[PDB]
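Just the one chain here, the form solved without its partner chain, laid out as structure tokens.
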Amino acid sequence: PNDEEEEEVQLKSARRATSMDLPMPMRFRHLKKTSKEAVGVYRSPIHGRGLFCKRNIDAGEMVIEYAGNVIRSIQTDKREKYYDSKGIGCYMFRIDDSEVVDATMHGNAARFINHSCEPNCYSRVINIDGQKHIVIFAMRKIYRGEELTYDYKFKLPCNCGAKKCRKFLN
């Protein structure tokens, strides 16, 4: 039976590019589509709504982009004011002292990532084709059903599960 099979190509599960040891732009290229399969927003025991794993995520894998428009740091106060006056919930992520991502109007599911003192995700800024993106990566293998969390690293109380909880977000 294995006779015709002696020369056949052996097959196995394909590894996702988001999870492979490739240069960042190759990894980032299919992040949008892959992220939709990997994570979803559900109610969270930590706070309100959270981001959850729908399909196992590899350690070190690109999980999702913190999507939004890159804006100058000095446009930030005015936009917050404007969102306030309109009854819009503001979501922003600082890139550095000069730039932030504004996810308020053109954001995605990454806005719903809760804080935890014992996180399973971390963030990086990457430049792809001249454009800055904030990308969330998994610190460890993450399994279907687990909540994805990040350390905000900012008083106001902390609701994370952590045994080493810091008790306050800030």
The other form holds:
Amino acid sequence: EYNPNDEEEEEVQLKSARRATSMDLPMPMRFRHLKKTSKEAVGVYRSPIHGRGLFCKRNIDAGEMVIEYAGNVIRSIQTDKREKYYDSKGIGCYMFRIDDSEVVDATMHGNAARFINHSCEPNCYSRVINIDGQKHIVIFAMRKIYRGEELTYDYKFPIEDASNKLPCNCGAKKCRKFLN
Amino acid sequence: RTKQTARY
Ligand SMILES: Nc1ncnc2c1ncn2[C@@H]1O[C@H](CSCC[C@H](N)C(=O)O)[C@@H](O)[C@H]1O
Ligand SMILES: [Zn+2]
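Having displayed the form solved without its partner chain, please output the structure of the form deposited with its partner chain bound.
Up next: the whole complex, starting with the chain shown before.
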């Protein structure tokens, strides 16, 4: 009797390759291909939460690197002046604070990370990582995220009080009603 | 509004 498997007995078995951004590797190895991978993983579309949002185009694994919050690192004491300059030119300001003395300015050289909306029940979180003496802000998935789902994280604004309150439209059952 | 650091 003939057997289709007789020639396969010694062959390498194949399966789906796991993306480096998703694997249990040191950060620099995961980060190396984040830019290319992110362009495949996510896109900017109209959102039911607010204006435009970032959405999943292709399943994202739990704990995988989604996208870097790209921009130029500046000192914390430059922000105010920069905000006034942009405001005076009709330019939308986008920044993400790294620590007390450093901030990422995504206004002029940012990417799609700028469009991530807030949610009181998020599916993403963020981390600061150092690669080659350079600080980067990286967004990770808290859970498996599926094609079509909106990516959100918790802005966790310091609780203002009055008035001063900005309403939240995240639509989560556990919504806090205000962004602050 | 500059996204905060306590975010991390
Ligand atoms: N859960 C939420 N509820 C109400 N407004 C939100 C929100 N998440 C983000 N926003 C709005 O988006 C701003 C941050 S920038 C996020 C992208 C924005 N949707 C845009 O189209 O450019 C916030 O200051 C707020 O104005
Ligand atoms: Zn909410």
